[PDB]
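A lone chain, given as structure tokens: the form solved without 2-chlorobenzyl carbamimidothioate (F06).
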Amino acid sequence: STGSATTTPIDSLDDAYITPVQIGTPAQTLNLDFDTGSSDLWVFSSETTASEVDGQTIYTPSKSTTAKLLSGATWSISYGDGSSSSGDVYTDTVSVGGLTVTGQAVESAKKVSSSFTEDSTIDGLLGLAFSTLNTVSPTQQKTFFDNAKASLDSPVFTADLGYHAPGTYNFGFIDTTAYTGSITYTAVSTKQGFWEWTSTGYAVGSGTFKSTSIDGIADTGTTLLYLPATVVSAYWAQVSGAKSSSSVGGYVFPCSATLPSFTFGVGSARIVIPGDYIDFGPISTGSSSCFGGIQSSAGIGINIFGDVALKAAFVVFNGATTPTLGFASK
């Protein structure tokens, strides 16, 4: 089997991407944030505290003939941005782009933090990291991809995120029309539960490539590119007037600037992020200070190849017995 679903930016900045997901019988379609940095499929629901729902579409398990309470199971998750959610668990039929999993754990939110409430466009998350990170207790649950894997034509999914445009998540096949050149594959460590890999270096603009190992994670659920402070300083030094602002929370630059590209290495291959992809617009409405799309990871504990980086590439998440990642230009 295979599946193919379009993913759409939630706003004009590509702050996140939503993908429609069918849950239950008859289908209830929710728009979920596919997150290769976490491993829980959770939704706003009929159980979510009413004051914490503001415009989201909810899953109502009582209206699904295939929903079954997973008795005793609870979940609770905190994300790197400080957001969180928690609740109980149902199993139900879940379909993405024509690919159907029966018995998928659907984690129903009883509580969500303010950032989820305040984003009316995201009805929940669909985790695509390794199932060892799943938070369901006392019986850990498998991700949608892990449940679908055995049925897929090939044990892979691909992320093809658009810049200010829709893109595609495919399951079970590699669309050879969706990229240029060849796909370069690179090793993955699953020891932290992430799609963790080592980039071979970077370049700023037309500058020379610096060969250096940068361990990080491929994370579709993070907006920006978070890299070591040395790398990020070298980038922003090429933008007149750019500075790190403790009050804003990162590097800002004059909105009048033209940003240089940023290149990252995948083995001997190179992925070029155009400068425009690094512009996240005014820090506040009407400001002439703009927020940068490359930021320091120094306070995180891990480097994160988020959407800014991934949207410059066609990315293969290879879930074979030894997982790997593939990157191609497009």
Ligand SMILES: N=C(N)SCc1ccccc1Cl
Second form
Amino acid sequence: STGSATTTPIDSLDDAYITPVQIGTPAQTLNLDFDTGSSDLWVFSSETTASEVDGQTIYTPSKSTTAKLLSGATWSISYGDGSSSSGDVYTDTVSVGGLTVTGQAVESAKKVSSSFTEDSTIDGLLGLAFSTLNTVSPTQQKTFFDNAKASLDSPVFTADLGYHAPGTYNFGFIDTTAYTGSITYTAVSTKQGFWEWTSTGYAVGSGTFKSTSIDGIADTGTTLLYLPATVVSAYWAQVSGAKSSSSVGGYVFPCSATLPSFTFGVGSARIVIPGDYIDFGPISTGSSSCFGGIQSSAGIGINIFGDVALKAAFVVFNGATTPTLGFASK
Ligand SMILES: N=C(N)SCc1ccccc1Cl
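Next block: the form deposited with 2-chlorobenzyl carbamimidothioate (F06) bound, after the form solved without 2-chlorobenzyl carbamimidothioate (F06):
Everything in the complex follows now, all chains and molecules, and the chain you saw is the first one.
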């Protein structure tokens, strides 16, 4: 089997991407944030504290003839911005782009933090990291991909995120029309539960490539590109007036700037992030200071190849017995 679903930016800055997901019988369609940096599929629901729901579409398990309470199971998770959610668990039928999994753990939110409430466009998360990170207790549950994998034509999914435009998540096949040149594959460590890999270096604009190992995660659920302070300083030094602002929380730059590209290495291959992809717009409405899309990972504890990087590539998440990651230009 295979599946194919369009993923769409939630706003004009590509702050996140949502993908429609069918849950239950009859189908209830929710728009979920596919997150290769976590392993829980959770949704706003009829159980979510009413004052914490503001415009999201909710899953109502009592209206699904295939929903079953997973007795005794609870979940609780936090995210990189300090947001969090928690609740109980149902199993139900879940379909993505025509690919169906029966008995998928659907984690129903009883509580969500303010940032989730405040974002009416995201109805929940669909985790695509390794199932070892799943937070359901006392019996850990599998991701949608892990549950689907045995049925898939090939044990892979691909992320093809758009810049200010829709893109595609495919399951079970590689669309050879969706990229240019060849796909370069690179080793993955699953030891921390992430799609963790090592970039071979970087370049800023038309500058020379610096060969250096950068260990990080391929994370569709993180908006920006987080890299070591040395690398990020080298990038922003090429932008007149750019500076790190403690008050804003990262590098900012004059909105009048033309940003240089940023290249990262995948083995002997190179992925070029156009400068425009690194502009996240005014820090507040009407400001002439703009927020940068490349930020320091210092204090995070890990480097993160988030959407800024991934959207410049066609990315293969190869879930074979020994997982790997593939990157192609597009
Ligand atoms: N993608 C996620 N759900 S968490 C990504 C992340 C953010 C900040 C610090 C660590 C991580 Cl893994």
